[PDB]
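Note that one protein chain of the assembly has been removed; the remaining protein chains are unaltered in position.
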Amino acid sequence: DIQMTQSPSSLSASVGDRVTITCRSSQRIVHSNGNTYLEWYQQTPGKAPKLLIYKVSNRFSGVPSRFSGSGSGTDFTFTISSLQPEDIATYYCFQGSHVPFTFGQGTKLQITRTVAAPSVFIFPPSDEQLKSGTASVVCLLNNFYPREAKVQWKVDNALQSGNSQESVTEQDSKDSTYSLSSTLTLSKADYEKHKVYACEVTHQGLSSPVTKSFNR
Amino acid sequence: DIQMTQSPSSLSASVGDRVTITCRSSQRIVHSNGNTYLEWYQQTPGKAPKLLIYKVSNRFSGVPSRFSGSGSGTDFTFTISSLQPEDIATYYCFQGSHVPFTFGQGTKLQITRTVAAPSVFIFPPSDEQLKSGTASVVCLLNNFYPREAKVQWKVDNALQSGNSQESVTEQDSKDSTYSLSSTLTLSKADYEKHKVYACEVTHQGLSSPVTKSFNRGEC
Amino acid sequence: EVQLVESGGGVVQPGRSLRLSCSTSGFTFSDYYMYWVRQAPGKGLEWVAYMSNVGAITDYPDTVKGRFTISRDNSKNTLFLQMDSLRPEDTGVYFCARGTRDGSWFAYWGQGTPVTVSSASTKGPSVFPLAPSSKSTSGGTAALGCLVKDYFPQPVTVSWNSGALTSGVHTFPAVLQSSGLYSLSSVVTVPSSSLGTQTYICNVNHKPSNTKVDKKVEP
Partner (left out) sequence: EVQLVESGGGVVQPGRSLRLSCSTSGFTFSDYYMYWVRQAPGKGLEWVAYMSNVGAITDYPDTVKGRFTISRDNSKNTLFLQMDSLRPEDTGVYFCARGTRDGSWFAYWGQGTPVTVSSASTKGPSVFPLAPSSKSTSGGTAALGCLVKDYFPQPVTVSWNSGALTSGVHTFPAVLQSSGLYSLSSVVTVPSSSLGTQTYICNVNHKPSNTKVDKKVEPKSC
C-alpha cells in the first residue's frame, strides 16, 4: 500500500513562470529489476490523462520539452520551465514499481492573471419550459478573474436560499478567466407568484455589486 | 512598391530544434514616427491568423516567450527557440510602416519525425453514385510520414493515368503524420467494363508497394 | 495509428453485473500487457487491473479483487473487464490503457466508457432555449444558450452548430439536483449587433439514454 503524496494540492503562477510539483512515496519505489517506474500524467475535464514523464525522467514522445521530471528514493518532482495557459490541468504522479500500482492525489494548476470584471446576463424561464411545470432562471458571469465571486438571488427583494445552484468552468486556456452560471429553480405556480427576479454579483473587478433583472 | 520577401517557402525541423524565418523589405520600413511596425503572424488552415510579434520584437500577450522577433534595415527575423508539434502552421510577416501595407508570401513550417508507414484502405463506389452515371473509387493513406508517397491506380492490371485526384491533410498537430486520399473517377459504363480495381502504394515506410483491391461484385 | 475504444458502460443496479469491452488497433495487441483504470466522479485516477500479453498473469487492487475479472481475446484485439457485485462506489469512467515496450504504463488511452451503479433508471434530458434578449445583453455583448435539464446518469455532451461554433462557448459542468437528476447549462456570447445574422443550434447528446436533441435558439 505505497501511498503517493503530491504538493501542493494546487498552485497558481504567471504565464512564463517556472513551476514544480513534488511527489513522495511512503516507501522506496525501485522495482526489483532496478528501474524506478515513477510517471507523470496530465488531465483535463472529460478527457483521458496524457502521459508526460515515465521512469522518472523520460519524456514521452510528443510531450513539450518545457516539462521534465526528476528525483530518486522517496521524493520526486515534476517541473514546467515556462508555464503557459494550456498547462491549466490536473497533474498526477504514478508508481508502477510495486503492486498495487498507485496514483498521487493530483495537483491542480491555475494561471495568475490580472483581475477582470465579469459580464452579467440573466435569463428568464423559457415559455416551453413553463408548460413543463417548472421554471428555471439562469444568471451568467462571463470571463472574470479571480474565481471568487458572490451571486445572490432576489425575488421581490427577498434574498433566496437553498433554491439555486452554481457551476464554474475550468480556467480558460486562452485569457485564463472563469465563467459561472447560477440557476434558480422554482415550480411554475411559485414562479408565477412573483414579479421581480434578479441576481446580484459581487466581484473584485466590480467597483460595487452589479445587478441584473427583469419582471416579465 | 515595397515588396516583402519571406524565406524559406517552407522548412522542416525536429521537435525542440531552433527555427529562423526571415523577411526582407524592398525599402527601409521605419515609420515617419521612428518605429518599425514589422509584425509576425501564425495561421492554421480554415482559421484566422494569430498575432505573435509586433513593433519588430514586442511579443503579443499570451504568446510563449519561445517565439521572438528581431532585425532592421531590410532584414527581419522570426525565431522559435524550441519547435513544438503545435507550431506546425504558416507564418507571415507584415509591414505597417510605409503605405501600402503588405504581407510576406508566408512560410510553411513542418516537423521532422521518424518514418511512419501508411495504412491503406480502398472503397468501391456506392450504389447511389453508380445510378448517377459515374463511379468514384477512393484509396486512403492513413497517418504516415514523410509526406512523399506514390499512389497508383491499376484496373485489371492496366496502370491508370490522368483520371484521379489526390488530396493531403495538413501535417497532424500531434503525431506529425499525414493522411491522403486518391480518387479514381470513371463513368458507370467504363467502370462496369472491368473486374479488379486496385491502388498500389509506394512509400518510404514500405519494403514493397502495398496493394489494396476488390472485384466489382465480391472478393 | 494507435486507437483504443471502450464500450459496455451503462447504468446497472447494485449487486448486478456489467461487462466492459476494449477494442484496439494500430499495434500488435498480443505483444502488450493491457490495463484498466477508472476515475470516480470528481475524484483522482485509480488503477483497476492488468493482464499479461500471454500467460494470463493478472492482478488487481483490493477494492475490486474478487469481483472484477480482466480477460482478453488476442484474436480480436479485445480486452474485457467483467464486473460482478457492483457497488455505487464503482461508479465512474473506465479507461482502457496500453504502455510502451520500454517502461511506461499508460501511454495510450481509450475515450473511456461510463459506468453508473445505481438503482435509478436512465433519463433523457429536456432541452430549453436560453434566448438572447435585452436582458441577456450587456457590454455590447449578447448571451444565448441551452438548458439541459433533468437527466441521468452522467454524462451529457454539447456542441454548437455541429461543432462549428466554439468561440465564446462555455459548457458548464453538470450539477446534481435534489431530485437526484443532473442539470446542465451551455452558453455562448456574441456581439449583440450581430443577432439575427447567424443561426445558433445546440447539439445535445446524452448517450446513456440514446437521446439526441438539436435545439435551435432564437432571439
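We just call them A, B and C in the order they show up, numbering each chain from 1.
To be clear about the criterion, a contact is a pair of C-beta atoms (placed from the backbone, for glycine too) under 8 Å apart; a residue touches a chain by one contact, two chains touch by 3 or more.
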Which candidate, B:19, B:120 or B:151, sits in contact with the chain we can't see?
B:120
In the complete assembly, which of C:100, C:141, C:177 or C:209 touches the absent chain?
C:141
Which listed residue (B:26, B:74, B:169 or B:202) would be found touching the missing chain in the intact complex?
B:169
Given C:25, C:82 or C:119, the correct residue touching the omitted chain is C:25
By the contact criterion defined above, which parts of subunit C meet the unshown chain? Give residue numbers in ascending order.
1, 3-5, 7, 21, 23-26, 29, 76-78, 111, 139-142, 157, 159, 162-164, 167-168, 189-194, 197-198, 203, 205, 212, 214
Hidden partner interface residues of subunit B, rising order
35, 37, 39, 41, 43, 45, 48-51, 54-55, 58, 60, 92, 94, 96, 99-106, 119-126, 128-129, 132, 136, 138, 140, 142, 165-169, 179-181, 183, 185, 212-214, 218-219
Note that subunit A touches the chain not displayed via residues 119, 142-143, 175, 177
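By definition in this document, only the chains that are shown with their structure count from here on.
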Higher number of C-beta pairs in contact (B-C or A-C) found for A-C
Find the geometric centre of each of subunit A and subunit B from their Cα atoms only, then give the gap between the two centres in Å, rounded to an integer.
36
Roughly how far is subunit B from subunit C, centre to centre by C-alpha average, rounded to an integer in Å?
33
